[PDB]
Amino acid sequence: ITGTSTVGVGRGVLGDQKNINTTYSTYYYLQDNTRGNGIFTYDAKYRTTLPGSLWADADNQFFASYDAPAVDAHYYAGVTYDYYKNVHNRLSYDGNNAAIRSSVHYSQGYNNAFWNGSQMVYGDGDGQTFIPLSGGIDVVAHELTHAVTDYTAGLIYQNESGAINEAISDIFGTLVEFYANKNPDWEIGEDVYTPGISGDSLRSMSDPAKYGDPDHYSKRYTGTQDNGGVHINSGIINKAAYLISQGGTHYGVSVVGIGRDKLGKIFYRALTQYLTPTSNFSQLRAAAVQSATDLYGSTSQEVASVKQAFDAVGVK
């Protein structure tokens, strides 16, 4: 809509206050004109028609329970935009400042959130398995990173390529969570998963085995469920990424940690320059090594640590 750029205030799913960029024309709309071609957040009104109505509010105050998923979808889309622009010089998910559109209150009791090829879609959860999923910045950034992948390498969504696709989204979801630096960790979805249970998450990058996911290539899932285990086998790559950043000794292999920023630069360059739709784990290792070589030199600690981490998870 056409209007004046304003700044509202509200509370997110977890009860935290934040400012949101809005547009004023009779109503205040969740339309952020400060980022690219805009960030737009919509009310799906418990239906499955998309996108729904551009979110309209009478007073630019967003403290109602019903407002909270929209506040967070809108704000965390902005954080994700800021991460990719400030850290990687990437303008929105397509690198050409595409508008970021999000719909909340999608369906009823819907325990999922997804990038659908042109927008984000957030269920409210059933209140037991999940609370509204836009409350998780790593979920928001994980899903927006699928769009980044779609517009670059084009990794399919099955078998090893699909597990890489998933891991890339977990890696940058986590790096966005650290970039926002409110309550970061190496877990996925902890803020919105199982409100009755503290200390759990959907999966752990630091210790995938905590939830039964593999932390070594020899433990990879080879069945047909989950498109060949894309959310399971991602643990092998997630563990490698965790090791590259934080270091550690894993199955007897010592990894010197190089920190989060270099992890992100290495994997971002691998994704955008070297991966292809059918890249497998071994080809991801090669891409990460070449990326670290480009950025830091063949004799660098960064290259050596990439090799150590992939050795530690059994990917040659």
Given for the second form:
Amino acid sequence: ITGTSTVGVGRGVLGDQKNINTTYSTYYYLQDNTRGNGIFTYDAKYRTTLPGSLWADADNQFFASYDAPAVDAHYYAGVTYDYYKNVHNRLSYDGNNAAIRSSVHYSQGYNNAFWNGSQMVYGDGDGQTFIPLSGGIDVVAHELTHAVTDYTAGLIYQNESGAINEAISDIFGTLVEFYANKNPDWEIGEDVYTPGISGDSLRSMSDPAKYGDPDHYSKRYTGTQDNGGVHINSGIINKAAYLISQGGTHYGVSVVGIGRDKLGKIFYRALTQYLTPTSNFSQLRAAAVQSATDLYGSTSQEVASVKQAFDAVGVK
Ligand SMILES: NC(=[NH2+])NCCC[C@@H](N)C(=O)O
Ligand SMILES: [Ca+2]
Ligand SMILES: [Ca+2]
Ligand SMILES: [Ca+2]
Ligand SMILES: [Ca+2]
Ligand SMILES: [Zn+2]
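Please supply the coordinates for the form solved in complex with D-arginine, as a counterpart to the form deposited without D-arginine shown previously.
All chains and molecules follow, beginning with the one already shown.
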């Protein structure tokens, strides 16, 4: 909407206070004009119609329970925008400052969040498996990274290309979590998963097998569930990315870590310059090797570590 840029204050899903960029015109709207062509957050009102209504508030204070998922969807979209702009010189998901739109309170008891090809969508969870999913910065950034993928490599959401698509979202969701630097880790969804269970998460990148996901190509899922295992076989690539950054020995293969920032540079270049809609895991390895070669040189430790990491997870 047309108005003037303002700064509200609210509390997120985990009870933390934060300032949010709003717009005033009669009401205060969750419309952040400071980033690209705007970040806009909507109320889906427990329905499945999208996007719902642009979030309007009478006083620019967002401390009600019902407000919390909107505060976090809006704020964490801003953090994710900042990460891509400041770290990768990418202006929003399309590289041209496309407006970022998110809807919260999607459906009833909905245990998921997703990018739908046009916008972000967040359920509130059922209160047992999940609390409102926008409370997880890694979840928000995972979603939005799907938008980046859609506009770049275009990885089809099935089989190996879909598992790469998912892993790319987990990698950058984690790197955004480190960027914000609030309790960062290599787990996915720990801030919103199972409020009644401490210390767990939806997935682990450092040890995917802790939740039954494969950590070696020989253990890949080959059936048809989950679009051919896109959230299962992602563990193989997540493990490789974790090893590139942090190092380790895995199935008797040693990997010298090169750190998160270089992981991000290598995978961002692979995603935006080398991957295609049907890339498989072997092609991802080649893309990462080439990206590291472009950035650091063919004889570099970075190239050697990328090769080590894919060797460790059985991808040639
Ligand atoms: N038990 C647990 N914490 N996670 C299981 C599911 C992990 C991954 N396949 C998925 O996200 O579907
Ligand atoms: Ca209010
Ligand atoms: Ca964390
Ligand atoms: Ca995490
Ligand atoms: Ca939990
Ligand atoms: Zn995803």
